[PDB]
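First, one chain by itself in structure tokens, the form deposited in one PDB entry.
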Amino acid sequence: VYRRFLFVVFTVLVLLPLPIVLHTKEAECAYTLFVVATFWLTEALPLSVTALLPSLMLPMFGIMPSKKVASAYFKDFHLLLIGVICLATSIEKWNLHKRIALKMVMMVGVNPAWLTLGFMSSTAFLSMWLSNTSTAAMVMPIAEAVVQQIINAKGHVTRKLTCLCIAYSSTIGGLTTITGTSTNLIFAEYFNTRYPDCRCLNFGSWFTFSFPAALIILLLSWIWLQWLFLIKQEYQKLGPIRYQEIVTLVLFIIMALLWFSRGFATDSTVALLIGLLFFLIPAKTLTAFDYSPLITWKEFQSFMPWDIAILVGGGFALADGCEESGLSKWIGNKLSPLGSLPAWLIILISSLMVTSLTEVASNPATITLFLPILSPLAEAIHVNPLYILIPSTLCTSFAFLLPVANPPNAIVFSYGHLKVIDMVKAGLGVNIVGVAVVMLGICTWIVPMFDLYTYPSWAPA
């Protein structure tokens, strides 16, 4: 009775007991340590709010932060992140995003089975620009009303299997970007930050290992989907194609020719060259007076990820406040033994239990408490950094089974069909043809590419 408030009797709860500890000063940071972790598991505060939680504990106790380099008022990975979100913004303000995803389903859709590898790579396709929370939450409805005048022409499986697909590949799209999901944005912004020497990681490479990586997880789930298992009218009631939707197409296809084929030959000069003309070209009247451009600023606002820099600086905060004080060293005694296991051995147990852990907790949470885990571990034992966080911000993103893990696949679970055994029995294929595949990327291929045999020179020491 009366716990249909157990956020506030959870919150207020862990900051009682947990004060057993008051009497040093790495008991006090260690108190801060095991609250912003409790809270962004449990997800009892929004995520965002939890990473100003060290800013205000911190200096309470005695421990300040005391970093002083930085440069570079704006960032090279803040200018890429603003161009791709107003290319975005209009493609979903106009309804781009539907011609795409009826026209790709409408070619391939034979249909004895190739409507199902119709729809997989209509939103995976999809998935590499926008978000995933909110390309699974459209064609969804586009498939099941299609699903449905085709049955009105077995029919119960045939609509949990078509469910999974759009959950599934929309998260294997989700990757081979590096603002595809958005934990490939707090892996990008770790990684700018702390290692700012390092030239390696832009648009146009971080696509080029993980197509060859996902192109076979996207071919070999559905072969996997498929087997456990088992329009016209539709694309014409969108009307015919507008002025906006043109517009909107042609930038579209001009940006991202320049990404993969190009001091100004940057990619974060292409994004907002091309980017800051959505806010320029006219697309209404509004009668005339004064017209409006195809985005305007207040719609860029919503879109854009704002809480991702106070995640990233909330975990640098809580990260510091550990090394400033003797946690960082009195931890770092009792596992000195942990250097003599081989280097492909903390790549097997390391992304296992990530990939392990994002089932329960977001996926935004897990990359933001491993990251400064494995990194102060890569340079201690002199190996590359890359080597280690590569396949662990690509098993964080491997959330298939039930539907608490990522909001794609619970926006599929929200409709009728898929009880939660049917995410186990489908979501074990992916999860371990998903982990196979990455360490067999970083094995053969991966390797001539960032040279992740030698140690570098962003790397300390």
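By rigid core we mean the largest C-alpha set that fits within 1.5 Å across both forms. Positions refer to the first chain, counted from 1. What changes on going to the form deposited in another entry:
- Core-superposed comparison between the two forms: among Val437, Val21, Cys443, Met449, the single residue whose C-alpha moves by 2 Å or more is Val21.
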The other form holds:
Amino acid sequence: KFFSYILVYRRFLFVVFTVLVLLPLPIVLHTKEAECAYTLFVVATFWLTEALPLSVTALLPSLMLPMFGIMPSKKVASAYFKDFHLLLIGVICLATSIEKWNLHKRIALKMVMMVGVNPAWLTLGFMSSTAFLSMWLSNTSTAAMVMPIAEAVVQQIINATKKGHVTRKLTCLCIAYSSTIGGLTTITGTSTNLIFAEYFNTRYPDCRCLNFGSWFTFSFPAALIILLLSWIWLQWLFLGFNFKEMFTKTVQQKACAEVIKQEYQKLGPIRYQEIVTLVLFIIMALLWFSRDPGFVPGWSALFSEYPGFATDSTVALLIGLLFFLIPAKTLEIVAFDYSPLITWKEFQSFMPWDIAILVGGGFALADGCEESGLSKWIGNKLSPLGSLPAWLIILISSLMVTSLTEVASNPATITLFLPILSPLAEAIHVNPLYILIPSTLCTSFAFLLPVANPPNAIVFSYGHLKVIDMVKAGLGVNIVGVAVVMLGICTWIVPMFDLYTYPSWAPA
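The form deposited in one PDB entry done, now the form deposited in another entry:
Since only the chain itself is given, any partners or molecules it might have are not part of what comes next.
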């Protein structure tokens, strides 16, 4: 019975073994260079294998590092709060209000019904709705909400046969990929973008070119091209791309339209909470764009001479906190009080208060690798290197990030490589964004295994996909994504970000 017991408690045994087996490195060295490497290896292993929760692992460098004589040092000019925390709080308020009233279901069903009834057009509508929802909501929640609806749609469309199996695989894969693809577009879409934004804001406080509007402007074309190419590739791989059929309704089309319509009525008539949430969401969609657009000069906002009147944090929370006071539900007296349309206990959830601890642990580990001699021990390997051109370094960095994120969680991968890429970016005397942006975009490209990211695991949990097919589709999707990211870096990101010219905010 030992075999079953070992196979059950793999997590505890692996944690204990990983902790214990690296003790030779400190004990037979008694050197700070080895003692910091011990902590780095343990934390990296726990992050990549997911033995403990990511925040739990990130808390480790604050505890085991001081035991070795290495303690947090240096200082900061953080003052308090940030321009990013406020924007994040506002976006989370918006997402909570959208989710708790099931407005996202109405939006998704409306788009699916409106796009059309052609199966290729139906998959395109599913992908577009999922990406649009994942722009604001989280990838995990968006996928877990959209998947049941699509499963019902395919079950009732096929109820009117390997074709159904193939179509269901196609729609599962397209939803899984579109969640992440739409995550790239906005800063709040994915926790990886949150980690990159926080790290860049802390490490380069002078740099302020990174914000919601600029991020959307430089990420939207890449996401759109990737979405279209991925839809085409998925359609071609499973079904056949009938160009003539793309270009009088059959019985099947009428039946599927009826099914979609009756699901839409099953959602129910619109309510006051849904309409007020939609109005506030539309108001938030504006005043974020048209403030400082990259291409079109926007003078409607930020035309005031007063400083700080128009900024992302202000326009975010000044509207978001309205979700905490607008009367939604009243109430045999029932205390005769209304409902705030959002309760603070609901905002306590749905909020990235674990990415904060994660990036804090990343900072602690990076600062630990700034004293002693581990940093120099790693950097002396750069002496034989460094003759490689910048584009080549970009190529290896992007390929390594994409390869690692296939078998590791995206936040762990980004927090593991970003504090390594940044010093390398500053060493070669190149714009740090030139290195970080392709790597940050490619981190989310984890399109191969259910273990890669939660959306893929949720999609595979329905047990209607095979690993071989998922890998076959994801190889093409990842190749297309990497190609489009490289094309964007070479073509249009540089003029709007000045990637070729070294910046003033970067250190000498």
